[PDB]
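The chain below stands alone, shown as structure tokens; this is the form deposited in one PDB entry.
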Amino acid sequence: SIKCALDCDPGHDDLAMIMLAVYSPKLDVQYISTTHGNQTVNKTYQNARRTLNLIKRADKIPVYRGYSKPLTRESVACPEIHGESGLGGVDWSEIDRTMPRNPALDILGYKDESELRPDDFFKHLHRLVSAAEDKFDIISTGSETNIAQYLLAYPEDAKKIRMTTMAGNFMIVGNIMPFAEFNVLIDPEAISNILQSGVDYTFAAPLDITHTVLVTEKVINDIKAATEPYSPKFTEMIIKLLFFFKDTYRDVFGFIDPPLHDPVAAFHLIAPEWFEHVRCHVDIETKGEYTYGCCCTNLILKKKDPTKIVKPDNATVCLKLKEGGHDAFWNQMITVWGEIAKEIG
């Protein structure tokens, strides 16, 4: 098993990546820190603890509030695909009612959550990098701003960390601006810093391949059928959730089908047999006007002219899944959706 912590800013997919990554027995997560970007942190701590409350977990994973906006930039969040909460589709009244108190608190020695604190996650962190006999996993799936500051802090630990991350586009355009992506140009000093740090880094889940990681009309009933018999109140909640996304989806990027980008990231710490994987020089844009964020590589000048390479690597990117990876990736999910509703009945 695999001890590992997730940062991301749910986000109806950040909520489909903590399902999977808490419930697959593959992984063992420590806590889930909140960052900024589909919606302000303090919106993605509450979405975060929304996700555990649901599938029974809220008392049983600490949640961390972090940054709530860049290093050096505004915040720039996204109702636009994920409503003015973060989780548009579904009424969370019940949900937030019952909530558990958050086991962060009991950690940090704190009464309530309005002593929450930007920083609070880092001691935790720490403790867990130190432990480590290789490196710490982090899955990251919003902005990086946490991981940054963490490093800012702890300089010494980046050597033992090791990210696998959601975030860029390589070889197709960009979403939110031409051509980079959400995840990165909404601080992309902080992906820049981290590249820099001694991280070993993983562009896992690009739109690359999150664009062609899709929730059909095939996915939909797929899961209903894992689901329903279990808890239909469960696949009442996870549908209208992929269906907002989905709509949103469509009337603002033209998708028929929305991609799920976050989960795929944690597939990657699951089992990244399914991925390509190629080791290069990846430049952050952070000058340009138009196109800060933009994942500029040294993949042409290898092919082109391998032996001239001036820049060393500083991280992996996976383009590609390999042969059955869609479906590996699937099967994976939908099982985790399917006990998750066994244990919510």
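Take the two forms, find the largest set of C-alpha atoms that superpose within 1.5 Å, and that set is the rigid core. Residue numbers count along the first chain shown, from 1. What changes on going to the form deposited in another entry:
Superposing the two forms on their core leaves just one of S75, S85, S192, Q149 with a Cα displacement of at least 2 Å between the two forms, namely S85. Once the rigid core is used as the reference frame, the Cα position of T248 differs between the two forms by 2 Å or more.
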Contents of the next structure:
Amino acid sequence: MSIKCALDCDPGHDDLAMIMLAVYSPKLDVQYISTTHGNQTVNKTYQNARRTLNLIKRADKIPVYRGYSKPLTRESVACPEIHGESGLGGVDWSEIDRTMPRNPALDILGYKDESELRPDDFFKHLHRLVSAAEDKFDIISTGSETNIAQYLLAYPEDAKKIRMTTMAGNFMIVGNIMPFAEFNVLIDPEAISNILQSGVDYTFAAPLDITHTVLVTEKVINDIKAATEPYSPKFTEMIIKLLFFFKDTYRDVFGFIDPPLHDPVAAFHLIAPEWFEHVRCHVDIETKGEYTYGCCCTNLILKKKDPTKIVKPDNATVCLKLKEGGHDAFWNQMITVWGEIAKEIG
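Could you please show the structure of the form deposited in another entry, as a counterpart to the form deposited in one PDB entry just displayed?
Partners and other molecules omitted; one chain follows.
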């Protein structure tokens, strides 16, 4: 039936939607959430994960770990909040923050308070899960992959028993935050480079190639409303506000009429991979490039050019598109979860 997994993320509006999908999906049995640094600090992403869980009535059920604050060998790009903005904008979190229950991780760790949380806390829990897995243990990663790189440096022999499903990278289209690279890779390219060389079974399930086709149209919004408004009009509003928080930026900067939704597509891959195309290849992560670090460079074209002249072994699976009906299936899954959450919030 259900698949045990861990979520590693940097919420983040997209990651919030991914957490909702993974936690409320009966197909996924979330063991824990670990947070990482991003354009916000790891302490902020920690809080944002807990906010997400408390909004959906699960903050007392799922342990959240606060991971590493910066990349392996590069500087963080995290910005301070300027003057007491929430850091997960579009919503007032004041109530969610004050009603926040105790993090279950504290009891697992034998800690009294959150000030004792350390980046490597999740390690022993992941090792237990990896050890107990019959084949491989599933991690969904939708932020920087520093946490997993750090884990593999401490537990190198676990690489062969880990399967990663990620939102990361761009292959046949260009990048977002930099010309040819995607945020999650370029923020710590050494980490993903390390992971690909470690023996991890790695799938780029949700590169920009796919997520730029997963768009929040007026049609989607109406489907959200039909599923959520009868149970929780308040939740309806928050979801829409979160989904549309960057609508203007995506339009004005990137030419999107309707904004994309990224990270939940990775969880959807673990739920229902049959909706995705897959190809195997060797991915090199650019680390030396001055302007191109985090580029995901593949030998896919060389395979089509001259199959026999391939030298480098395949080290990854890449999903370049959803199959017909895949977009509909994704939105159906997401709307189902939002509806269930709406029923629980009331």
